[PDB]
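Enquirer: Each chain, letter by letter, is given below.
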Amino acid sequence: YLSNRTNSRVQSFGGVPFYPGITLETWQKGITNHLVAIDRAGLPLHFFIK
Amino acid sequence: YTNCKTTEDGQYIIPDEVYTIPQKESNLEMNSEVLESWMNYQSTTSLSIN
Ligand SMILES: *[C@@H]1O[C@H](CO)[C@@H](O)[C@H](O)[C@H]1NC(C)=O
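These protein sequences, in sequence, are chains H and I. Sequential numbering of the first sequence, starting at 266, is according to PDB author numbering. Sequential numbering of the second sequence, starting at 67, is according to PDB author numbering.
If you are wondering where the hints come from, they were derived from the structure by calculation, not from laboratory data. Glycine included, each C-beta is placed from N, C-alpha and C at the ideal position. Incorrect hints may have been included.
No farther apart than 25 Å at their CA atoms in a straight line, the calculated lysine to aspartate or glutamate pairs in the DMTMM-like style are these [what the hints assert, rightly or not]: (1) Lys90/I / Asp304/H; (2) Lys294/H / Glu74/I; (3) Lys294/H / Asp75/I; (4) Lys90/I / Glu102/I.
One-sided excerpt, in silico: chain H residues whose CB lies under 7 Å from chain I [to be verified]: (5) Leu267; (6) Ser268; (7) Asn269; (8) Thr271; (9) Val275; (10) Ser277; (11) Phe278; (12) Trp292; (13) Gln293; (14) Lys294; (15) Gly295; (16) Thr297; (17) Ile303; (18) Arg305; (19) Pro309; (20) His311.
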């Protein structure tokens, strides 16, 4: 009684449209544009009304 | 499309009443498996008499 069970879940943001057979490299080299705000910080807008 | 815009990573021409903010990717693979196999066997008698 044999039973494989495989999962997989990539979750990328953001580079070149991901696909399973992609190397861990051609991802990187293809990051020239396709940049994404991974972290951000700002102020409450009432502060800017001066 | 007067002052005709374009997305920052220029590969589109948005109309000049919209602005874009670029990001994504996500996918997930998963599969399963099930097998079986059975067998059996036999019986025999014999008597040679007199
Ligand atoms: C899947 O089942 C096969 C047998 O059919 C086994 O050799 C293998 O290790 C299992 N797992 C994967 C990821 O193939």
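Enquirer: Check the structure against each numbered hint from earlier and tell me which ones fail, lowest number first.
Expert: 4, 12, 13, 14, 15, 16, 17, 18, 19, 20
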